[PDB]
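Undergrad: Listed here are the chains, written in short residue letters.
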Amino acid sequence: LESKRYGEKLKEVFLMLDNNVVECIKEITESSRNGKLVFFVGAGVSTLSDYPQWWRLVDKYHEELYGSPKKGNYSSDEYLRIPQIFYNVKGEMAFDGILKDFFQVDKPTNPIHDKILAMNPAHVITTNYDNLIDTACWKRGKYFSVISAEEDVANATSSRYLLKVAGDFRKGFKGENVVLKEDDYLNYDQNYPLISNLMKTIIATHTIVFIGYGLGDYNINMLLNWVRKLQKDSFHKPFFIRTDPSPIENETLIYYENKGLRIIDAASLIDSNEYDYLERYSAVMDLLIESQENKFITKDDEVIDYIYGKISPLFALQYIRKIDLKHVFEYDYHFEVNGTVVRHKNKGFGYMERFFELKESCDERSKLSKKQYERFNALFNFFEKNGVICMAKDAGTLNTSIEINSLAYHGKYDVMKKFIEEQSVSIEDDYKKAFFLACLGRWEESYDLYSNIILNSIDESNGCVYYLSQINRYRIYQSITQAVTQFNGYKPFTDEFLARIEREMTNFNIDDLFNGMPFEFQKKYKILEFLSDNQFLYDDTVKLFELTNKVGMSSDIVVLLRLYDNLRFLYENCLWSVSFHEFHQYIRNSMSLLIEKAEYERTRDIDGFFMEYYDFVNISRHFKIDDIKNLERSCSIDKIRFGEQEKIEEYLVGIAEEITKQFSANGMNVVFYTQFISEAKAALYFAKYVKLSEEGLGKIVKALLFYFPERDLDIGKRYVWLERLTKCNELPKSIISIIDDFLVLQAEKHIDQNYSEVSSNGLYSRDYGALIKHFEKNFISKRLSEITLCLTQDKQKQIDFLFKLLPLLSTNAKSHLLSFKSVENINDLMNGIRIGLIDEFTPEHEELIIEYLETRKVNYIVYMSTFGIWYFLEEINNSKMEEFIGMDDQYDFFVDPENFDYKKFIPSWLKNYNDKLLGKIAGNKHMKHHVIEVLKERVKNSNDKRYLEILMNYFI
Amino acid sequence: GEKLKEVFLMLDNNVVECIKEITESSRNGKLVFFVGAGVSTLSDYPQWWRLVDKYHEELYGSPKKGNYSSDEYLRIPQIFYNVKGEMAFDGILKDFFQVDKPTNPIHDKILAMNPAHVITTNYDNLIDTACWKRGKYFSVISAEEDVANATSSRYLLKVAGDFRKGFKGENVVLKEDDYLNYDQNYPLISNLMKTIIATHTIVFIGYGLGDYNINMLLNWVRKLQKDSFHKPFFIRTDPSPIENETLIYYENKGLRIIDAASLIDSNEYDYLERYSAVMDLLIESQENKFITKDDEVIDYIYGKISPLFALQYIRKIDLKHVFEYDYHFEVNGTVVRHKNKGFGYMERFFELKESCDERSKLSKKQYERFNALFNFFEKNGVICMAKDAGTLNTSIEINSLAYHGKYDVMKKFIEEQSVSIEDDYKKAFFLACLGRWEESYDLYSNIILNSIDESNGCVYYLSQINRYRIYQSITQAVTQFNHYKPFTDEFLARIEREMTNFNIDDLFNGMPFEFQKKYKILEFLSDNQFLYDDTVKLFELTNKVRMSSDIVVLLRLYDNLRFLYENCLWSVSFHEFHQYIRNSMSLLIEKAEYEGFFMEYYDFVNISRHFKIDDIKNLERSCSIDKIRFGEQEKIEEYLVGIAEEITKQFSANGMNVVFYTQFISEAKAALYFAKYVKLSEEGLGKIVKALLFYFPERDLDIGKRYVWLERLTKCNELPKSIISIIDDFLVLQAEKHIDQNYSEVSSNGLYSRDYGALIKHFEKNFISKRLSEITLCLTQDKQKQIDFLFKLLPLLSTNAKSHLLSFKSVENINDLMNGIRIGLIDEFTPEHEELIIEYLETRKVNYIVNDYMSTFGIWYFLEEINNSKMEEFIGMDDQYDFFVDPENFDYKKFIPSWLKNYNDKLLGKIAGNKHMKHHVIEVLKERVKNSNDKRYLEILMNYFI
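Heads up: the sequence lines are chains A and B, in that order. Residue 1 is where the first sequence starts when you use the working numbering, and the numbers rise one by one after that. Residue 957 is where the second sequence starts when you use the working numbering, and the numbers rise one by one after that.
Read the hints as simulated data drawn from the structure, not as lab findings. Please note that a few of the clues may not be correct.
Pairs of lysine to any residue, SDA-like flavour, derived with a Cα cap of 25 angstroms [what the hints assert, rightly or not]: (1) A/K928 with B/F1553; (2) A/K550 with B/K1661; (3) A/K229 with B/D1133; (4) A/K9 with B/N1457; (5) A/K911 with B/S1146; (6) B/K1500 with A/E151; (7) B/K1474 with A/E151; (8) A/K295 with A/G348; (9) B/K1862 with A/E883; (10) B/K1474 with A/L513; (11) B/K1092 with A/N462; (12) B/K1874 with A/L513; (13) A/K115 with B/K1661; (14) A/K940 with B/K1583; (15) B/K1260 with A/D511; (16) B/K1500 with A/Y600; (17) A/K936 with B/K1583; (18) B/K1891 with A/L513; (19) A/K347 with B/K1583; (20) B/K1874 with A/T603; (21) B/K1474 with A/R160; (22) A/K259 with B/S1146; (23) A/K925 with B/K1661; (24) A/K940 with B/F1553.
Just chain A, same shape as in the assembly:
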């Protein structure tokens, strides 16, 4: 109501203002924004809080000295001599008693004591000897180190000095702690030598505003005398706020403006009464505050100039996140991840709304100055590149697609190398090369290049490429230090280099990296202060909590877009913090929680989340095989599907091609190797869910099982990867040839007798042959057959290994191998030599195993589980079956099943049985309900998962 009227009054006052006062306000606001504003409030400020004046105390001194008050008024000297006459004649204790009974009072702070601190002054120099400004600072939440005496100058903890040049009363209401009289003003430079120098240092290095003074004060003229001693242009002219009832005469204005003061009169700027001081004090102060709050921005040239002044620093950076953009305009607007802007704290003009109004209409944009037109063009290009498209009120359709156009993210190691081995056009060109060297391993060269960038950019404006290079040098140093903490302590780095980085990065304080910047990289780029901190994704990891709660931007889309923004900020701006454990943990948690939340919503069918190329790259880079396995044993990835299968295929091919460039060619790069092999393992493991072309699967499989390292992927892991790949494709014959080539290579490596495949899952070359047969039963491995035909009798390792691959051979090959059969096998057909030599259990086998089972009767009444499985599968069929009853429990279970006691049937057999056998036990009469009941009793009173995957899969 009345506040709005006061705002309109301030607006029209600013509109009807000369260029001198608006320039004074502009400089005061720019000092308040650079953190260089220092207020020099005086006695007039505290009087508005009704604090006792000094004419009252000099009146008391005159009344207690001469018996009566003054016959008129006191001059400047009589304000300093009558207290001195009282001190010299009466004494000290009476002086302090009067000071106590006049100054012990407690008065509340006036609103101007809060308007003063609302401008965020660097220091507050005060001539007041009262704790009113101390009270305002303490209530406001700003710790201003109070410096009352010279014992406080050295003991001033913080760098925010609340300097009381006249003294204070915190050490008692005595005259020795304040400057009040003669012999205390004459003796000020020899009783107060350290706050005088501190006041004269704050004044010379900052911007000074004199608030509560008249242009006749001792504490104004003594400073005007000191600046007269100074040189010309050696110091900034201090600002002076004048709030006297009468307007300033032009002669006095000229006199005090040539003396050093930039007077901002209030009686010549507002209309008020003689005794209305709080109106004048709260007029110019309100003018500065509302100017800082952007309440006086009217022209579209000032709209463009404000946004340009806040954004055009960030032109050096290749991407700025929406969170960073919010931090730019002091939380006035919320730039959302989808690109819509909403006003949050802007209490002044809508400069962003006006900017987008200029964007939509070309005719109003033409109604602008040419320089401001080009500034608008620059801002428009910036905002359309970063994704800020318009306000939410005017938001219509908007596609949220990400584009991280950095060669480091997309793989592209060969293009990265080609870019590295070139001539650097500029320093920002060398910054990309340094980050790229860090990406593909060469951390020594990356550290050296970052040092060179720092050296060349020490003396250079807009020092992002200096600051960011220092940060990435400290992070590549941390990466080297951690590399030789866990890989050592092969040999990645030399010892001369390590000593050099420890002799260079000895006391590099990353905390003080931002505070060591030249005060322009403190305001223009305060959005980059978060990079020097050790942890910077804490505002994002706790946003993942909105994902895990169970009951146009939901929680799913906003965290994925914020993940993309963090990814596009580190990869496009080439920041090495993208490889640390914090960012890897962030990506892991965010993608895992996104997939888990999608699975939770999908499983609410009791009453999604397609992932594109940029998601596949993240689950290949920042995930591990265990983490993807943890997602596999939970979320149904078979439904979360995949998109952009052409770019995922080229990603996997570039990963597969680099695999056959690091093992086929001479690639050690052991620090690059550990990261890249994790990426390759995760990518080729996650490639089960993407459809690949014939040549795509051809190159990837050929990499997987010819050029992948043996140590990282054994033959079992290679088979698991291969089977996961062959699920989705149909395994074209060009790739079955590749698997056959692997088998012939392993057979030829088995020519050397002292060789044995080491597998971690027990899954071997026989199962590669099984995969070949189970997609193509009509297949004869020709080269394997040539090995069979030209194989000697005494090459035992080849004999057994290539026996394990019998179906893949010809009939002549089979007979050449079976030239060394066994007929002494007591049961040696499936102990280690199980391939499928069974086919028909002829009496050459059947009767001989029956003789062995007679020997087993001899061993029992005075190898079995396979007899039971074999007979129940009708593989043994003879009248000699029901001879040797009374043997092991499983014999009674399988051989005489319609009389068996299934209570003795051990529960764990079904966990180690054969799946086709469980399929056969499903269809029968008695074993049907008995395995039903034993498996049900396992489901209730036991704690595993094997029994549940049999009851529900087979039977019913």
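Based on these hints, arrange chain B on the given structure of chain A.
TA: Chain B in isolation, oriented as in the chain A frame:
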């Protein structure tokens, strides 16, 4: 390397304290290196004696035997300037000083100490080049016109001038005239130099004890007060050792002379050796040090924990940050060394624990410090070093009346007068937990105002943060409140005028530089870095498990709760912490099923305050909390009794606080719903049931949800006589409220007050209600709504009440027909009930051409009670009914795989006995248990179908 610590051993007491102060100032960013001409000489920069001799050579013959005096050092250049001119002076300056000397290592040892400023008396560029090479930005200030235009806060202040504006005699202070009117030509440079000298630690290097600059500086320091200034740290590296009389003379003049000739035996020309000796001493002293004896283990640890004595409890995660990541204080009480490459002070300290032989050697003041440190480590739960011990007793105990729900003792503390600011700090948080946010904000502001002396500053910072969070709570409430608005608009004006432009991220950065060093762990309370480590561990452990992991989650959660509730921080009542508690406890309880989690009193209060009813239902569906016991069931019972008494005091005793209500009604509802799992005494049962059925407001718990809560209560506690009487009183109250024709049970799930009669009967089957029967015998035949109520409670009435009621109420509507099915005395289905079902079906057909019971009519048709084959002619849209009356036509794809949860034993057995529906239902249940984690479907599968 080791010779440096040998020198450390040989250091005198006066030297070893000087290095400690210098290193401390370097770590506090208060070091300023006053470099001189003895350091640039190590680079072989042309000394002024060569140029004085050159001025002598071009003007005064050639040499001057005697090496000149200081007056002769400053007069021959002045005589040359006066007579031979200025251009010749500048020409000789250009001939000598335009050189490219390489920077000596001391230039890099100075900047390796991280000096705040560098006040050089040299006119050279070697320190500028050293800063440029190292990577330090120093705003070089050579002239007066650069003081105001200083780019950075760090100053490379060249007091004597510099040749960066040309090799001229005007830009430097070299002659006698330049040294006489120096303060007339350089006022701002002098003021800056004196301000830096007064407000920093000056470490003069490269000077002699003569050195006119040093003499003028000491003369100026003489004019200062007695102990106003700090004493500068002169580094003397002259060849001869300093005479003791000279050191006495200069030490009383201001300088703290660190000698080098009395520090290392070197030649008469090994200046680099002495400079490097002192500089390397300082640099190697930066890394911890000063901790060799047992009386220094109790001052370095007391130098990092004695601030933390005002905090009532701190986290072990915070304890890791306290000791600069030297040790990783684990949550079970072990202290794993992480980056303590120097002396093992934790090991030594825990060795001085017990072991009275070691403690007796310790000094008496160090003994009190050790007792304080031991009490601190005992209170916070730190036991000892990692490899030592291992028993590691659990059970963190949060002692706070806010956590335990003591809403009456908190009021007592609030009402009583307080004797300390920390008592008001507890009182303000107690007010905040009690809803009274206005008095909370006012008392917090009073604490900030009255924390003036308070040299710790942790009762001002925590109160400022808590006032910010209570202001956020008030603003978010009045935003959400749009009940009533409890805060007067004057209060909103006060909180939005005082607490505007107050950013919480500027509070810590702006504190005393001591408070930013000690109480550093308090800086996470502003932003969300407070939970960052614990949230990361929670996410990683949620991925992993699905000193053992389950214990790691629990102990970290209890650490976070004991940091917030015991320190009385309002950050506990915010969203992020609530989600942290909820996710951690959900992870623990889910981990229990994979195994076991005992669950204690401290768990029950956590799953009541921070969980919601929806999350409770999620945990009950997914996992099983039934077999998971709840340990201490007497402290849980007192908690539930306190909650019942609080809702009683809130509703039946008129006075209620809406801001307190909004927080407490989300916890009372959760605890009384989670009270199923705890055994409750008859007294506690009666209290919380008579507070649930009568005093819980109907806007937050209607009849149906009240009944859900009540059936949950009567599972582990049965339904005794006193609770039966309570439910009877509830039914009586409902009857006298339903005497009015405009009253109706508004239920959100469909379990009306008839179900309460069913619950009473289910545990009794013979509870004749005397008062309800008395209510029945007032039949006026116009008070229908009442007759219908007691019709729904017909089994609860007596034989006379049944006789009077059934003489008026009969079966003439579908609703009272299904009510008759529920209450009984229908059983036999005479044709009128079947055709009544058909009439309801007709009224449904009227909608069909264009709250459902067609499901239970399909149920009845499957249950072979009704047999009218015309019901198939009225096949509708509810596919339960299509399933039940036409199994073959019903496609089971549209069968929502719910509806099996709410089926009885007999009906599920009936679906078991029909081929098509049976096999389709195995398919449905199978896919349900593979995709969904609910166990009810699995129970159905192997109770009726497997």
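Undergrad: Holds or violated: B/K1474 and A/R160, Cα atoms, limit 25 angstroms.
TA: Between B/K1474 and A/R160 the Cα gap is close to 19 angstroms, so the pair holds against 25 angstroms.
Undergrad: Compare the distance between the alpha carbons of A/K925 and B/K1661 with 25 angstroms, and conclude whether the hinted pair is satisfied.
TA: Violated, at roughly 50 angstroms.
Undergrad: A/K550 and B/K1661: Cα distance at most 25 angstroms?
TA: holds, 21 angstroms
Undergrad: Need the status of pair A/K115, B/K1661: alpha-carbon distance at most 25 angstroms?
TA: violated, 54 angstroms
Undergrad: Are the Cα positions of A/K229 and B/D1133 separated by 25 angstroms at most?
TA: Status holds; Cα separation ~18 angstroms.
Undergrad: Given the hint that A/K347 pairs with B/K1583, test it: the Cα-Cα distance must not exceed 25 angstroms.
TA: Violated, at roughly 58 angstroms.
Undergrad: Holds or violated: are the alpha carbons of B/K1474 and A/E151 at most 25 angstroms from each other?
TA: holds, 23 angstroms
Undergrad: Need the status of pair B/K1474, A/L513: alpha-carbon distance at most 25 angstroms?
TA: holds, 21 angstroms
Undergrad: Holds or violated: B/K1874 and A/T603, Cα atoms, limit 25 angstroms.
TA: The given pair, whose Cα atoms are some 23 angstroms apart, holds under the 25 angstroms limit.
Undergrad: Decide if the proposed pair is consistent with the structure: B/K1891 and A/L513, CA atoms, cutoff 25 angstroms inclusive.
TA: violated, 56 angstroms
Undergrad: Does B/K1583 lie within 25 angstroms of A/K940 when you go C-alpha to C-alpha?
TA: holds, 14 angstroms
Undergrad: Would you mind confirming whether the straight-line C-alpha gap from A/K295 to A/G348 stays at or under 25 angstroms?
TA: Given that 25 angstroms is the threshold and the Cα spacing comes to 4 angstroms, the pair holds.
Violated hints for the displayed structure, listed by number in ascending order: 1, 5, 6, 9, 12, 13, 18, 19 and 23.
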